[PDB]
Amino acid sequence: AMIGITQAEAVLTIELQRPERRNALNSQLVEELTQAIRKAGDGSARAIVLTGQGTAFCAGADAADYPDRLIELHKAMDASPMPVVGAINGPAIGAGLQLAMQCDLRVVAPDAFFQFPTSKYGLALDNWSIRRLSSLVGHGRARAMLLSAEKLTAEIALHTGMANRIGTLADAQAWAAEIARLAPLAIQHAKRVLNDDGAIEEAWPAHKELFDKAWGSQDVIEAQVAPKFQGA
């Protein structure tokens, strides 16, 4: 009901279908997406294309079980033997940027941008988000994106390698078709090794302390109301 699943020969296309919410992740969407990823391997299909309806790829989080479901989604994508080509049709923000980064490859529409607006909202990220972002845009730009909420445009994404290509859903599907013809076991090995570069990192004690501090702060409530931040 919140995603559409279609297959053309050996490519499975999964479309986020909450355009009116910019494909914001709620519990139902995350559950349905997780199942789609896990069931993609009933192939036939040897590649997945993940894309969104409307102007946005995914604008972030939209409830008690939501964090656990989100972890399970990322686990399912990380563990999938199939390569996921993200057709980033528009902005990927917050949890939506996390989702875009969990794709194996990215084909990005000209008007898409990538952003962690965490510094505007007083929030804090998990370590993987920061590490994978650093690997994809380079440390310098990651510092700007994280400390100042800087938007990464499609053009700079192509520059850094966040975007493998600039293009459309059709372009992504065409590439996924070529990839679907390659040797699955070679793809599986490389994906596992690449994902095991160290980005999957448990927060250090200092990181957890600051993380909990930010999430429990008054500044988070203040940013919603407005901002006059206090540092507490």
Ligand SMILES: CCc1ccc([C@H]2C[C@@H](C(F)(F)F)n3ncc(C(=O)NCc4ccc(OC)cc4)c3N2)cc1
The other form holds:
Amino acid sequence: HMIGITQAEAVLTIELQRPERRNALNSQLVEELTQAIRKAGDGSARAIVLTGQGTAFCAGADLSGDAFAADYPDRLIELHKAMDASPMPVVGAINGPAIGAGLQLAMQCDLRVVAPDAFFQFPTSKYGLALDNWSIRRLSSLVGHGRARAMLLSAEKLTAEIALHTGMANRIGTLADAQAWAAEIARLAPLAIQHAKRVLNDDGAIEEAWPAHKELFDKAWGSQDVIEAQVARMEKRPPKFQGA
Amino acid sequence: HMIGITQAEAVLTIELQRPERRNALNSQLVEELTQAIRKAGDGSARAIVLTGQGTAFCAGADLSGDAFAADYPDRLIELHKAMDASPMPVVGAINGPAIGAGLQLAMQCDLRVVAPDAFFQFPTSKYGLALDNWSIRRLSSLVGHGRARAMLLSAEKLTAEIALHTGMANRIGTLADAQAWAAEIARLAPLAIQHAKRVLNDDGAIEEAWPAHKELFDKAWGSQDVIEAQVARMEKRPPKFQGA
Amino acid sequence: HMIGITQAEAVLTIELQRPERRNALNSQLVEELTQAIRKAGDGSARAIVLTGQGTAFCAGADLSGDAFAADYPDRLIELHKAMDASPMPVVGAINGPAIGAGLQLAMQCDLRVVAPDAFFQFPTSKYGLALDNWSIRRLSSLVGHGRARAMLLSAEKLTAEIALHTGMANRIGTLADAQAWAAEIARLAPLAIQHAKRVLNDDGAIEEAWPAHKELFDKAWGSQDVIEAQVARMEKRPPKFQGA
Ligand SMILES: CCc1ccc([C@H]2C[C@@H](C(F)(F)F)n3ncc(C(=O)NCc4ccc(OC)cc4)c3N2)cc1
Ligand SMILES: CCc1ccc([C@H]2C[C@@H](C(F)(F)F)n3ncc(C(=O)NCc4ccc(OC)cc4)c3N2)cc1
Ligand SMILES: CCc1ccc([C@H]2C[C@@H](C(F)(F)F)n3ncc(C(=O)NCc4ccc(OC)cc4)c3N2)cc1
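Now show me the form solved in complex with the ligand, since the one above was the form deposited without the ligand.
Entire complex below, previous chain first.
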């Protein structure tokens, strides 16, 4: 009910369909995406295009009114495992902003065609939160370490232009452009693509957090600053962080 | 008989001389290159320039009519070991297309000066084949992970312009330009260069394939798709891959 | 006596004050910097700006007339440990050339705003010397592997323009620009910044040199070529290296 799945010849297009919340993820949306990725070899299909309905690709997470919110983090991990394990190449058609969980989702695609008006961001420093190690490593591999420091330490937005500059965007273009590229990719040798995808994903970005990383991760997630950031967002005011 | 070796002052230039096949490698060409690299400290020389005769740097491999074809893969590994172990800096003068084994050879150079009309490519996805891990890691370090995904998953060509953009090309220029740069490098301190080269090559790119990588590598190399790609190439038609 | 420490609101600015030698490091300057970094949470402060007085950020090392010269290498290591362990983000305002130890210092900053006329360089190949592994890894992460090969093997200078291109410079601008950015960063959530900084610095760049690296490092540092480079510098003439 929250995604749309269509297919032209050998390209399967999966569309996030929660534009009323800029395609922000919840448990149902994540579950539905995971099922669609796993099935995509039903198939016939030899490539997937992943995209969002409307103005945004995916603006993060919105668990409001969602019953299975407690399950969401683990289901989200299962979605990433499903994409990583898929033998099919996933071309992300990043049609608009990809923020937070949306940036993670875009990075888990195998290739990216990015709309002129899209941007990417981890606003973690504004929320007081902390990321898993893969998010940090894969970002660094895609924008370069220097820009990754700015994105993570200062919530810097990455424009489509700079995304193309660094390789985060393979191309600037529309959903149609991504579907055309995917159609060409669907004519290439599947076992070659499968080997290259596995080796590339196994560059070390899939990293277990170190003990010190986990300590800092827990400290951030459990902090009062995280609560303050929430209340300040609601009350339309700047947050007053304390580092605790 | 398939290479030319000349020297001006302290720069030794090694030229691939098989332009009738765009300098595609075979066992003899590989053996001769390996011997010339090892000897290059005979020497006198303090830098090497590696280049190809005519229009291409090296367009891949052509083992047709070559007696020692079965030996070729192991001899090729020995050439890379020889370059990696050489105390001399190897400036690749990439005079034209560097494809497949030619791209590997260019990446094993220590520095690259790239002709305006050259391009680099791994057409592995078109042939149904799979690469060793170093080829993938060193490519990723030189073009960035994002562009490396496109080059490997979709056979995307890297132009000289984009090579300079990413650092795959240190400079755009001709053989003469590379020889001039090499002459300056030959005046620097050899032990400093030797230390830096060893550390740089030991960035982790020299990686043993993981068990899953080897399984996928074997599946691709042993597939019917690889045979189909061959026959389709001969019969002047698009290949019909089956993923087996 | 060799640094200046000031603070506006929650940004602490630390200024190297040895412009008579282009802020080249010695034992006292290093000791004073280390103490100032450790104290910076005295504090009040939530971000640090590191900069140099006059025309250069830091042009290397000048131990001439410095009593504790034998202590300098270990004290320098302690400064880097202090910066790496600091919970505060350090914005380097690279106001002019950053060469050698100055380039190391700039790379140990968390973010960099770089003056139009600044450049970065490791002239190690001109001096006959060898670097620690982190210097090489962190450089590679910031300029890309390809440009890092040129900087290390041929003493190539990195301009401010190319620094911005690669991500070594997060922005081109002045000390004032860096202080303004730092002021914004000081309003973000400290525990988020601390987590991201630790994970980013733990990308593997902090690497113990391999046995072969240490052998080559010692050979270079103990060579006659290093002495020759010194004498040639004094006698205003090109060095005649022997590779020993
Ligand atoms: C194998 C392919 C793969 C690549 C990357 C991931 C990332 C995905 C990311 C998120 F879910 F937010 F998107 N994310 N968020 C948190 C984590 C994570 O790994 N946390 C550590 C962890 C693992 C398991 C746990 O209990 C089962 C608890 C924590 C984690 N991993 C997952 C799979
Ligand atoms: C130490 C410097 C060095 C760097 C990179 C290599 C690459 C070179 C590359 C190729 F030969 F195609 F160019 N290539 N192609 C295949 C391989 C490879 O390593 N395959 C694994 C392997 C190793 C040994 C085997 O039997 C002796 C069999 C397979 C391998 N390695 C080699 C040496
Ligand atoms: C944990 C944060 C951290 C990151 C990077 C370093 C670098 C700093 C660099 C220099 F001091 F020149 F700037 N530099 N120069 C030499 C070294 C180094 O590590 N040498 C190996 C070493 C270590 C300890 C020794 O005796 C106590 C001797 C050699 C080393 N390390 C230091 C700390």
